[PDB]
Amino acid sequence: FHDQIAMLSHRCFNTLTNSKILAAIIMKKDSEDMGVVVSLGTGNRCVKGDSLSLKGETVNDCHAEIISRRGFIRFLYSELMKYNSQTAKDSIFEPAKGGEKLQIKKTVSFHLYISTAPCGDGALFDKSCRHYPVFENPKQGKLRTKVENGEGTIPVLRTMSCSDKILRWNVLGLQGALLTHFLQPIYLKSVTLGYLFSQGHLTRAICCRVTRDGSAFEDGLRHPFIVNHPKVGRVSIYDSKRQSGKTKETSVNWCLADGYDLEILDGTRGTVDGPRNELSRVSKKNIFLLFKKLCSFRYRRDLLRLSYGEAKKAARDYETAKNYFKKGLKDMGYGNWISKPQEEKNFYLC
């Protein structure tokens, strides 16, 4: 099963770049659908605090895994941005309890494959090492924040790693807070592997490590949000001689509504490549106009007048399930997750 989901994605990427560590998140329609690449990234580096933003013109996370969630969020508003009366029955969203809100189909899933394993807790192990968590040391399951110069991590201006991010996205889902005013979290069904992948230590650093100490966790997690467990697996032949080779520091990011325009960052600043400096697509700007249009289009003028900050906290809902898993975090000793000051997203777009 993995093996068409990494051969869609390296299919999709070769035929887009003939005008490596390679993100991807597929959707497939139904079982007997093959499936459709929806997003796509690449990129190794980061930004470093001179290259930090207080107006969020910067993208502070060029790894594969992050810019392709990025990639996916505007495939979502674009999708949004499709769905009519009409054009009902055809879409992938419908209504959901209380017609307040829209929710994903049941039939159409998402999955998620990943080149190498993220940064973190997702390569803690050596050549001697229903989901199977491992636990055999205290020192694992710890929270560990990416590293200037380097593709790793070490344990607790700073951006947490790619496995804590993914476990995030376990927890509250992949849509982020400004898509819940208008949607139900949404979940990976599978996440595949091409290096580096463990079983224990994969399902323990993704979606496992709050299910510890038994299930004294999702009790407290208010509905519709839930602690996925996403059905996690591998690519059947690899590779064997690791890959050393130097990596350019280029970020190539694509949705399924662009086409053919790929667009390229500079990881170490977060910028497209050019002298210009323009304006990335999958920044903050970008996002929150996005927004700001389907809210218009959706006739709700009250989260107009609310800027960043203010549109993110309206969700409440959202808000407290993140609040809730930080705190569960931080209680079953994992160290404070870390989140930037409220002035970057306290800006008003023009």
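We call the rigid core whatever largest set of C-alpha positions still superposes within 1.5 Å between the two forms. Positions refer to the first chain, counted from 1. Compared with the form deposited in another entry:
- For the set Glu79, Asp258, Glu263, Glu151, a Cα shift of at least 2 angstroms between the two forms, after rigid core superposition, holds for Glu151 and for no other residue.
- Relative to the superposed rigid core, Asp219 undergoes a CA displacement smaller than 2 Å between the two forms.
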Given for the second form:
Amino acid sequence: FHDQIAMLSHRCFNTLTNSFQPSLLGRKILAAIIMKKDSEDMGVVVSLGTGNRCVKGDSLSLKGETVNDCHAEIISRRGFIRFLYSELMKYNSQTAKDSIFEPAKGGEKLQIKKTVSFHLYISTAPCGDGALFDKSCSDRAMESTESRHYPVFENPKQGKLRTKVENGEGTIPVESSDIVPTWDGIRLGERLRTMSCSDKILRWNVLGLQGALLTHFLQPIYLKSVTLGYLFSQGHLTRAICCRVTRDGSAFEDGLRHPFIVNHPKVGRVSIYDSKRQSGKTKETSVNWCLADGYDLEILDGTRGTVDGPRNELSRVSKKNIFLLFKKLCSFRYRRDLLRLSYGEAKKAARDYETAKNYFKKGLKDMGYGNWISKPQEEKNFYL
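Since we've got the form deposited in one PDB entry here, give me the form deposited in another entry too.
Only one chain is given; partner chains and other molecules are left out.
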């Protein structure tokens, strides 16, 4: 099953970039999101991302003209958001049966179908909490019929909240670092910190894959499976994405309001590993692709968060673009009240998601993990 998913992703990517320059043959982390219409359906790759770089501290934009992280699975979810936006433009009364959404209780917001299953394929494991192991301890693949998760908590430093920092390799925890995120502080030379990968999947599961922007229109979309081409671990990943939150009993889950409930998807490894993995050859290119694009494999610069080339125009997976798509959806959905408001105010306007996020940070702090280190408030709130 996982072998089919990996072959699907690799085939789509290779058939897309067959006629491009050879300079794309270097080391790259390839991450895709594949949809399955039903159990018997073969499945089609619905979102493709590459790139392993983040903007520099000076490169940050007060008008949202950068992609803060160009990472493989992060770009994969940005393309997934673009796919969801495109589908919501496609979604209507006539194509409801073919579409991938069905209205929830009251019809205010939609949810994915139960047959339609989402599977996040990644070449390697997500950075941060999901990478607490060693290469020589990479466990093999077994076929378990049960859906029961077995997370591991052997050390108190496992499960904390971590951040990836510019110029700084690895993932650094969210300690009680009293440096409040401030814009001009960063400009004068304070490091920029970004929420890590697995720490940004805990949210996708406790809160939603759609982010806080998209929860105004659809119910939280949950991963149905995570397939890893490399660095797969059962307990570590299962803790990192779904059950680090509920280590201390159901008191965390029961407090969380519907529909923002925890969810333990199925995890898996590709049937046959890929032999080639060299430490070097890492390139600044980032390939972004959505299913609605066609044959355009957009190329970006991760050191600067913009399109590769001397022109270096605006990309399409950036906060400005995603907010333009937000405005397009609002115009399509007649969301006039939210159509004339700002960015951070729009993120906070999701009362349910905001309260769920606050409960998330409160519980993460109570279990001795950490708060939710964020960007400066004037960077997460801008106008166009």
